[PDB]
Amino acid sequence: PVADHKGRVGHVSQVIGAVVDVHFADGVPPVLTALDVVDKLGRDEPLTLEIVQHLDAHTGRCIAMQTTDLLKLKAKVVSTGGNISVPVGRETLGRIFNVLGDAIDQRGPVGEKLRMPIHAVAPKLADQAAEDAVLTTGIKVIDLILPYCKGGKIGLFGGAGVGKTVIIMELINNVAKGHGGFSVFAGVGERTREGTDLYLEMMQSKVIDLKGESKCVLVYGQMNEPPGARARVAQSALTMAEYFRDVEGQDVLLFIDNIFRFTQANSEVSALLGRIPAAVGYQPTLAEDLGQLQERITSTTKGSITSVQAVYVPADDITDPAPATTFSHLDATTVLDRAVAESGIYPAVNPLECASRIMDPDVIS
Amino acid sequence: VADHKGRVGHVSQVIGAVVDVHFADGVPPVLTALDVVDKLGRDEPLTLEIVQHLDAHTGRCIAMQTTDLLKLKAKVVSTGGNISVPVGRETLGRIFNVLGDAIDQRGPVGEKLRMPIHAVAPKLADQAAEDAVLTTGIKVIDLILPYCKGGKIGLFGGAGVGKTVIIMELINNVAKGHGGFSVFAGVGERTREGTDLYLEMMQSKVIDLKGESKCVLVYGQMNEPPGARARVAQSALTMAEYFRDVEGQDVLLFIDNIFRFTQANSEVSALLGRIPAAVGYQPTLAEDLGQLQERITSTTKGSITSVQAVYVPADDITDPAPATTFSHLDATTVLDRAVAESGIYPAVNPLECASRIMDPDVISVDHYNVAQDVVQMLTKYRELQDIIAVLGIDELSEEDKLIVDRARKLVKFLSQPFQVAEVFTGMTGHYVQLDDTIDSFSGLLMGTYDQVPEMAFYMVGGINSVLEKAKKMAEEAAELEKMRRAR
Amino acid sequence: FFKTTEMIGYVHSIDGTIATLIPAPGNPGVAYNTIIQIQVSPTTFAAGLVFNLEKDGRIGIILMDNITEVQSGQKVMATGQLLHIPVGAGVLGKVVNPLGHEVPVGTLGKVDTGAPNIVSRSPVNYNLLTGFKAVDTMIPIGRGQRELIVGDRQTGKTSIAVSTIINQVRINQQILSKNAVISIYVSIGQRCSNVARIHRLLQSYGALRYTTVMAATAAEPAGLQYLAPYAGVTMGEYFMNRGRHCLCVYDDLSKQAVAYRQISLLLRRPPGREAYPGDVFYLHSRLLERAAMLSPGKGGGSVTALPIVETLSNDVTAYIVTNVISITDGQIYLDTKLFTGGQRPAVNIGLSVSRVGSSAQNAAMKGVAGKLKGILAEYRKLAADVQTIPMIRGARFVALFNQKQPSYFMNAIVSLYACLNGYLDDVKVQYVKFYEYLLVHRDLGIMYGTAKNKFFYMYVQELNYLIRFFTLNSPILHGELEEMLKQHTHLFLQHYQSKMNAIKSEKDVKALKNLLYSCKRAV
Amino acid sequence: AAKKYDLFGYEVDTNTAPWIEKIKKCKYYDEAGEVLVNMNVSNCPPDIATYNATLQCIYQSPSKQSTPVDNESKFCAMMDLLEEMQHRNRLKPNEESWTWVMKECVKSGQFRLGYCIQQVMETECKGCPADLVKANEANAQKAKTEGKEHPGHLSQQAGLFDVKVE
Amino acid sequence: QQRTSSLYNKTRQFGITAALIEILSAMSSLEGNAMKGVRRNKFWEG
Amino acid sequence: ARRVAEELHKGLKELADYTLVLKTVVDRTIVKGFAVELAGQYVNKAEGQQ
Ligand SMILES: Nc1ncnc2c1ncn2[C@@H]1O[C@H](COP(=O)(O)OP(=O)(O)OP(=O)(O)O)[C@@H](O)[C@H]1O
Ligand SMILES: Nc1ncnc2c1ncn2[C@@H]1O[C@H](COP(=O)(O)OP(=O)(O)OP(=O)(O)O)[C@@H](O)[C@H]1O
Ligand SMILES: Nc1ncnc2c1ncn2[C@@H]1O[C@H](COP(=O)(O)OP(=O)(O)O)[C@@H](O)[C@H]1O
Ligand SMILES: [Mg+2]
Ligand SMILES: [Mg+2]
Ligand SMILES: [Mg+2]
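Chains as they are written, first to last, in the entry's author numbering: chain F1, 26 to 390; chain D1, 27 to 513; chain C1, 45 to 150, 162 to 440, 447 to 584; chain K1, 23 to 188; chain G1, 256 to 301; chain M1, 154 to 203.
Just chain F1, same shape as in the assembly:
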């Protein structure tokens, strides 16, 4: 079928930061719809918007995925007829993508069979799994005190320069390379060089066989990206993993670094949207945003997704709303302490503040 609002024409009415209001004469399209700015505006790259609110029957508020430079009022905008869709399937394996699903590896066209929207509903109760087993990482602290669960959710809470990234690479080397299933690396608000290093590492290990079959997909929206992209790259990366889990019944690894930047990005846009801030200054919808995202990261009866997410603790304050809300969404919690690292102990895991769900004799020996 074809959307009833595709090709709909609107005009820019207000611009503030990354937040743009669009007025449609025939009626504002549905929320989450994608729009493209048609006017040249002397820009160097295209401009795409995602609708997030409805101000009235004709006006809609949207967030731009690229910088809003050289954007004037009355600029013409055209609806794309649907949400932001990204490629899925084996064609994406061995490739690098951005929030919009465009390949940025400067290689041949993806040639995907189809695309799927980033925004989707989560698995329901009857589609939940009941399998508990130990994922052996090779690290002593993790395998002993807070063992990880296959198909489960794992979080690495840590400050700045504590060892979150290092542990993720160690897990990738010790698990992902010797993994039968597929892997998805979602970079969110992290150093661009780290992505390049990972890409080189995955090519040397031949997890990406440029000429052969690959087992890894990279999706990267980094620090330099505007807040709009950093708030949706995780959705796109998760969408690809969802397709592998369901449409193929294949086990997937999902390495997200860093998930805190997702909440931070939504906070920045929320400030511009004209919403009253909650404690600290975060958006009032902090918990709901994480819930919608995390609930999609789960293992169903069709397939399994083992997720490892890095959580940044601002100012080393573990009581901050962002990391605090994330504890309830994780099967395994790995807390890192700066003082322990300063004592020469690496990894800096603080076992007393760590936890696991499979720490049950009915599961482990």
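Just so you know, not all the hints are guaranteed correct.
What the hints assert, rightly or not - Sample of chain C1 residues at the chain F1 side, in silico, Cβ under 7 Å:
| id | residue |
| --- | --- |
| 1 | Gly60 |
| 2 | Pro148 |
| 3 | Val313 |
| 4 | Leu367 |
| 5 | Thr395 |
What the hints assert, rightly or not - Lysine-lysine pairs mimicking DSS-like chemistry, simulated, CA-CA at most 27 Å apart:
| id | chain 1 | residue 1 | chain 2 | residue 2 |
| --- | --- | --- | --- | --- |
| 6 | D1 | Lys65 | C1 | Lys47 |
| 7 | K1 | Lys47 | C1 | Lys353 |
| 8 | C1 | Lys165 | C1 | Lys353 |
| 9 | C1 | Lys465 | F1 | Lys175 |
| 10 | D1 | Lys65 | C1 | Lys165 |
| 11 | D1 | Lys427 | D1 | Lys438 |
| 12 | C1 | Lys436 | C1 | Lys392 |
| 13 | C1 | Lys353 | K1 | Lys114 |
| 14 | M1 | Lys198 | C1 | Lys47 |
| 15 | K1 | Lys44 | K1 | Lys129 |
| 16 | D1 | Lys97 | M1 | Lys166 |
| 17 | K1 | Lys129 | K1 | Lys170 |
The hints are simulated quantities; they were obtained by calculation from the structure and are not laboratory data.
For each residue, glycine too, the CB sits at the ideal point set by N, CA and C.
For this one, chain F1 is given, so just place chains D1, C1, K1, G1 and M1 with the ligands on it according to the hints.
Showing chains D1, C1, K1, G1 and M1 with the ligands alone in chain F1's frame:
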């Protein structure tokens, strides 16, 4: 625009418990009561109280019931005056709500007069000087912070320290034999606690359904909306004022908890367009509480002995609400959680309590001297306790250890089992006379009981009970020695 | 003869999980706190709740379902009635939403009722056995009571409540359905997987027949998380008003406040402390006041509440935590340090309290609890400041408080009585659990042919109700009780402890260590 | 005859004859509890006669419900009912109530509970119906002949490392 | 003494900042909810 | 639609003296059928995408 009785208005805005009413003929005076006459399919009537005037025609109001099923433009009729509550001896033995309606299901009440809940406080010339000790039968209160008849008493405490228990003990000891009447105002507290009080009072014959009762109950509790919890205290206080002035009687006024009056007004303050003050209370915290407190006083016509329980949120006595209430009291009883955790009940911190009548002119010289000596010894014992943790008990001098040994007995001797906490403690309560308390502590200070075991002073009454417990302790110890001897 | 609805306006704006409506000129208008239907299609509607009525005529709406289908300009119909949900015995064993819609697994009650009046209540005098010795003795819970469960993350807040629900399964199967305890487990803002794991766990023990689950997962909008406690208690008020007893568990109120904060801020309500709305105390206050013990005149039914609350770094000075603590009739404080120290359940007795007292304990437990309380109090002080009797028995009581599954009343009371009367003085602290296991699941007297008791044996589970009627310190049961304990102690010491103290081999030492740890998780 | 009053002083209905007739017309004894529930809701507190009728229905009823209920026990239900009557209603069980319990113990073959009830009747009441005491002893001695005096797994010899701790 | 003093002087600075932020957030909420009405002036007379 | 509108008008007692008028509005949410709204009384006899 003199008589606004029957004046009609329409509901213009409804946000939570705050409702805006529009009158074409002019908004009635502030504090006026309005009834929602419109038939909205509600199970309970809706009444509003005007708190502000937005303009010559619009007025903001707080509802006393839930605002459910309330539509805009709904008709509203003024009652011609403020909220009125029945008064007189016909209210004795009865339970009322904020609106003065009986909720005991015990039939209609014969009211000969009604009075508004909002009244002007007594002036300076209407103040009476009554300096007389009130014997509550509690060793700690009678000694360190004696209460004064016709005065104001505060029980500052956190959650679970024993504020409610002390009030029950005071009722059992002061109200059963009180010559005059009593009024209990439950404000934003548990409903079951009110039920237990009603049963106990009926059993103690304070409320004699068949005979003559001598107490009134007014209950606005947690379940009630903030509008009701912000006025129930005024309603009960109005009843007490009538008994004070018209009947010229000496009345008791128990309030639990007075903090909820402040909490409720803070909840509605946000919706009234008032910027929050520090911590997050309303800017009018000090003035609103002062108007209510000044009404709770003893005048030349009669006397009101007020006992109010103050909740110190999160055990933070620096909080605006607990602190604001300290200057409006004649006797402060500060309860501490650490004391309770050590098994000492009532968990009173004598170093933080104070009393206005702690002066030799009012109380006996022996009473004043004994209390001061106790306080000084407790203060010194706390300084030594720091030494006893760093150096140890061995390092203390001969004089210091005597202070330590005597002071520990004082700490345990202040504890007392109440007649109402038998279920909690499992032992019968005691009622210690004022003279017995003074003599017992006087002897202890000068070392008359240095050879008595320390635990003999724990959870007992007068000195006589101490000796009996020591004798029992000696007997059981002898039995244990005999059992060991046979082995 | 038409199904004429009541159109009241159109949808103006949408901001996440909340919306605003503009009334069409000359229309009946909508009532406050009522349910409305947004016509997302000529046959499909999305539920919303009225929250604000502004001077401009605009209406604040809290969306509950089919949010993605809501668009600006759609029509709105007003039902004109408050929220009513299905209630009855036909809902037990099912998973439902706050709106009453059933969630597939792999009579109408009003949600905004008032709490019982002061004269409509009765004193709490009927116990509700959690199954844990520590709680049942030192922290009594009575039917019609609100007992907070406050602790840090990963401390057993959920497990203890689930165990309490499970502990009623065995009791309900034996006694009449009149005294059976129904359960309403409400999950708020939790993961969907955890709900499924709880559902399977309840099903394994057969608790679904007497239990229903009300789930508002994280993915669901804040409106459902906001109404779940009120809907759950409403399902439990059906039994209360019909002479039956219910137990409502809220897991957890901490996430309800966040949802209410989210709704209020989006709908332009002034923030308060920690950005929470001013009337956040009144939210929980009216929720927990609905749990009561009705008077004989109204049926005698009750609702027992076990709200759960989370703290950060054992900080009970937070805002919502303090408010809930000032509402409930007691608190069970689960301490992180004790949990990591091996004490499970990590109930901090010093910080825990039950304001109902011994009135919520059976006559049989009153005597044991009262004497046990004094010993522990002395034991706490003695060590804080010498093998005295209080210090000898205090340690053994603490060891007996470690549990993994709820314990049958007969087994728990008997063990506490034994430790109370010095029968475990000769038993090492490490072996107390092993001693208890043999006492409950074995009978040394029968094994060694020295049992002369006529009726009193631990394998006769029917003795629980005789004990609960006469007390252990009664002539009918006291004589045989002492004889059994004396025989069990003598046999245990002679045949087991002597060999245990004589083990030196590494293989034997390791085997013993496994046994004793297993005994902790068995009895 | 004399009006009864509740905890708060309100009067309670005392005409509890129709409810007893309803109880005496039940098939499964769980339905009896429903009648008691209805009585309480109607502010008609049960008297000693009502509880005895409930015990009679329990003894004479086939099962708890139309469908079997796991771990159902007539003795447990009656004892709990007595506990409610004595503690939460302040009514002393009479001889009739205990006789019903003893009959159930004899009928079910539980000869150890019979001994305890026998002493209870000999302690609170005046003795026991000697017909039932003899019946219980006959059941006990049948077990001795057949060897079902105690569950057998208890008699199995065990050891420190020979016990399976589940 | 030098480590608990820093945490005490760091805490007072954070406490002042947060309390002030809360108040201003409420001030901005009550300002935002307010809307200016139609201006009833002689617009032509200008 | 006119017949339904007249029936609704008859049911309403307040609009007994009022004159009936019909105003057509285009709704893209309905593919088939029609709906009628009069003084808040809404009757739906329409269907949308399946
Ligand atoms: N396991 C380890 N062994 C030795 N050194 C380590 C280890 N983990 C971390 N480090 C040291 O800490 C530094 C920072 O680690 P890492 O890159 O993981 O930081 P991070 O947690 O990702 O922080 P951020 O990404 O916010 O900078 C490393 O460059 C290294 O010097
Ligand atoms: N009595 C107990 N003995 C041993 N382990 C226990 C006991 N109670 C709970 N646990 C275990 O402790 C862990 C945490 O328990 P639980 O899920 O009840 O925590 P919680 O309070 O709900 O925490 P959160 O919901 O924030 O994760 C689980 O692994 C559980 O199996
Ligand atoms: N005199 C007392 N003896 C023993 N315990 C007491 C006493 N007073 C209070 N308590 C303890 O406090 C509980 C009652 O608390 P309460 O009086 O309601 O305090 P508050 O109203 O300040 O929270 C009792 O259940 C018991 O645990
Ligand atoms: Mg990093
Ligand atoms: Mg209290
Ligand atoms: Mg939990």
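*Under the criterion of a CB-CB separation shorter than 7 Å, is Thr395 (chain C1) in contact with chain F1 as hinted?*
It holds, given that the least Cβ distance between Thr395 (chain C1) and chain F1 is near 6 Å, below 7 Å.
*Are the Cα atoms of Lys47 (chain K1) and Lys353 (chain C1) separated by 27 Å or less?*
25 Å, holds
*Pair hint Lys129 (chain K1) and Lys170 (chain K1), alpha-carbon separation not exceeding 27 Å*: 17 Å, holds
*Holds or violated: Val313 (chain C1) as interface residue toward chain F1, Cβ cutoff 7 Å?*
5 Å, holds
*For the pair supplied as a hint, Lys65 (chain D1) and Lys165 (chain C1), confirm whether the alpha-carbon distance does not exceed 27 Å.*
Holds - the C-alpha atoms of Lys165 (chain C1) and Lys65 (chain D1) are around 20 Å apart, at most 27 Å.
*Taking 27 Å as the top limit, are the C-alpha atoms of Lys44 (chain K1) and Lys129 (chain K1) close enough?*
25 Å, holds
*Going straight from one Cα to the other, do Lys65 (chain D1) and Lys47 (chain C1) come out at no more than 27 Å?*
At roughly 24 Å apart (the allowed maximum being 27 Å), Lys47 (chain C1) and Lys65 (chain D1) satisfy the hint.
*Do the alpha carbons of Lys198 (chain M1) and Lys47 (chain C1) lie within 27 Å of each other, as the hint requires?*
Since the Cα atoms of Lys198 (chain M1) and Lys47 (chain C1) sit roughly 10 Å apart, the hinted pair holds (cutoff 27 Å).
*Mind checking the CB of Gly60 (chain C1) against every CB in chain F1 and telling me if the closest is under 7 Å?*
6 Å, holds
*For the hint on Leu367 (chain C1), does the least C-beta distance to chain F1 fall short of 7 Å?*
5 Å, holds
*CA of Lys353 (chain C1) to CA of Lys114 (chain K1), is that 27 Å or under?*
The hint holds at about 24 Å.
*Going by Cβ atoms only, is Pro148 (chain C1) closer than 7 Å to chain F1?*
Cβ of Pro148 (chain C1) sits 5 Å from chain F1, so the hint holds.
Checked against the numbered hints listed earlier, the structure breaks none of them; every hint is satisfied.
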